[PDB]
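Read the structure below first, then the notes.
Some chains omitted; the rest stay in position.
Letters A and B mark the chains as written, and numbering starts fresh at 1 in each.
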């Protein structure tokens, strides 16, 4: 297989943001790490002015600004998920802007398992070292000397394996870390002093303490207060030597606090963000003998569910979201309307998480549009994307699956909302509680404060995107699959929904339904309802019949003239058929553990028989049939793989992995289609990911594959990567178990970058290359422009 | 109610006391190719962590073992698909950890106790002059997978991925907080719970507790790999399924398959005549800390995988009770065989002393049983 991957839409989810003085000593700068992109803005009264955008050969996991002594402006430390560490500077000479690499290295350890709490990265306030927590029981120190250009690091063993959070303390004479850890006795706060000369830990400035059973956040309070603040599920405590304070406000018990930010340089005010979108202000009270007098928490308002916060200036706060649009809000002294002090100023689009999507020619102009189910919880919405213009349709609940029915001119959307047992009460008005017409399921078949998922099928108009109808499902029913097809010889078009009956006392569902609805004359009508003995994980129309997965079984159904589903054949697989794809008479079955199974339907024998199989233990998030021989999948550690289908039975019955690639994204959905008006590229598969990035995979001929592979290998020698990460290292299929180089895949972003280099660089890349004629710059420009045409 | 010392069966006291015992361990690189001597007469599918007692008496076997004790104490046990026409694709290495030499009743016999260590695939089999085969085998790696949420886990709520150690409410909270980020994907939380090592281990313990009424949690290993191998060693399943379980590299897949076997198994029938039901899965019970089923060696070097049950049916008792070489000290055995086909099924153990609990049970040899799966 010879494939080609490009990015139609870059990642939109914000995974980190910091504020500092990066571009200039005066400019107030906001740095945003999304997934692999780094956006540097200059904060102004008018808002944000995008100054630069950079691409990293890695997923940014740590991103901090620090100013060592002797530097006029701040440097930027970035660690990636593959442990590429780098120290960068913003160099500008007139209109020219580029990011210099002051230092770089790889801080991976040959052995050691990643800590479950994840990568932690902190910088001492005096910039004497960088402390990284990547593996259990180890603490990596990178000295911050002026000549450590290779970022040489040394480990210090930690007696406490389960470290929750850790910070560097302010005001300490020597580098001191305060961290929260958990042992069987409970959760404790400890402090150490770091000795670089001795390369070890010394007893910390103040003693060990005991904190809330679920204390999980540490804040380092700058001078004059000093000390640390521990934030847990019920209480907020402050420690500084012998000094100790504690509060247990009731306004925070409803939701965990997961992000914070300091408003004042003295630490008098902090921002706090909860999981449900509440923004609080934490206040520290000053007394002069300077010591902290008292803590108090005041709810500020409601924002989009925050992944991170950063106070810019003049009461403007940037809220970085992964589940919704990022926000620029204003903090007002006077409460307004209900009493919220937060006034949203600006919004920034975020398509992630893209959990499902479809391709539809809404205008019939022969150009495809993409309809995606984006966001989660109150951030859920539909996004319509076309050649890149984006339209938004908020739902205020979680969309899960989407289908299109051209005959009735509507979309069917599986959705879920969260209700509190109180009868169950909805927390807000959402799409499923505000439809023009609605119905509730009724079938003979089959505490206080708890949360329950209420599922609905929403019929939504394709023109105005109004919720025409909302059908609520049975209590404790989980709608999993959704198709829109014509079955048998019936002329009617139906929505078909597969469900499961989920009970917390039951690990694996034992009951489920397949419900056939018909949408007509403004009402949704239940046309049929078939009970099954498992969860209907997936469903596909199959030559006018219905193929479905029920636990570990693949069942075939026919639409009898009396409008009922009648079993045709069963195939009892050992694996759970989560993923179910069809092409012609071939069926691809996959489960969550990377097992792939290719079967074929025999029209004459009327049964299923296995064609091929490939069982390799690894997490798999999606699958697709590229063609009759090659199958594309998304595999753990943000990878793409391509399996392929001898004269010997033992060999013809085995798929071989002919392609591997490291994408850097978690792919949720594949779908055949394209957004360009309808060649070296044959085929097209769009895919949508957790971070909101939309990508495209096409197939290439071996000649073109080799030409573009040589162009790649020649571009890597001219293109100056940021952080000096190597492209082959970046794109190597990576798993916690092993690492292989990329095979069978052409990085189309690197290829398309060929049009950004200068003419001398084009000549250098193209030198001694054979197009039989020696290739020149113009020919390769033609190649790359034709390749860019595909999207 | 039970009052038997469940640690007694695992000590294999019937093999004699004062057995020289070796400490230490020999482990091989996960992918290295090695050459290992094969013990011929072992028609058993050994599993890592399982204890194999042997009474070897052939001069070739005795000499090979005597050489082994002076070297790495590891030999090979091949998982034959066919008992006859030896044809093994997979196997496991057993490391001798107890050893005694004797000359009882006219010949020299070596009794050893070994324990399964590492699985492997059969790359080559070579006969040797002494008659002890040498197998060229590559060690098989035990793959470990991270949490399914590690890929999509949000950085902001990473710090919430630690739970206070500790029942329905606790597991509901564990599912709610561990798989919160399942909302970023296309599957629900209860789907990912079906692939969680901890939840699967707990669900398996909920049936190990049904078998062993007074099961102590501390006994079972606290990591999924050892737990899965231990559970696999004690399931009354035919050779096909045992080999299938043996070649599963993942601990999660092995746990899932073991759970499916436990849930689906209904009754155990005589293998020779498949139509007669000997017992049911609800009669099984654990008399030793190894589990319901364990391997024991009889006075003539034959290894039987005996499953203990409270009640059995369609069995004739033949011969006399005897406490000689009893595998369960304090009990007397009696040969039992199918009353439809007169094929040996196992023994009936009856307590010698009054007030012993249980007073009677049955030990059924695995090779003569067939589990029926719906």
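Rule of thumb we're sticking to: contacts are C-beta pairs under 8 Å (C-beta built on N, C-alpha and C of every residue); 3 or more make two chains touch, one makes a residue touch a chain.
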Copy numbers per chain label across the whole complex?
A x1, B x2
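We adopt the following convention: only the chains that are shown with their structure count from here on.
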Report, in whole Å, the distance between the mean C-alpha point of subunit A and the mean C-alpha point of subunit B.
42
Once bound in the complex, which stretches of subunit A touch subunit B?
15-16, 61, 114, 116-118, 162, 164-165, 182, 184, 186, 213-214, 216-217, 256, 258-259, 275, 306-308, 322-323, 352-353, 355-356, 376-377, 398, 400, 478, 480, 502, 504-505, 507-509, 574, 576, 578, 592-593, 617-619, 621-622, 636-638, 666, 668-669, 690, 736-737
Quick one: in the complex, what on subunit B touches subunit A?
143-148, 150-162, 164-165, 168, 172, 183-188, 190-195, 199, 203, 249-250, 252-253, 257
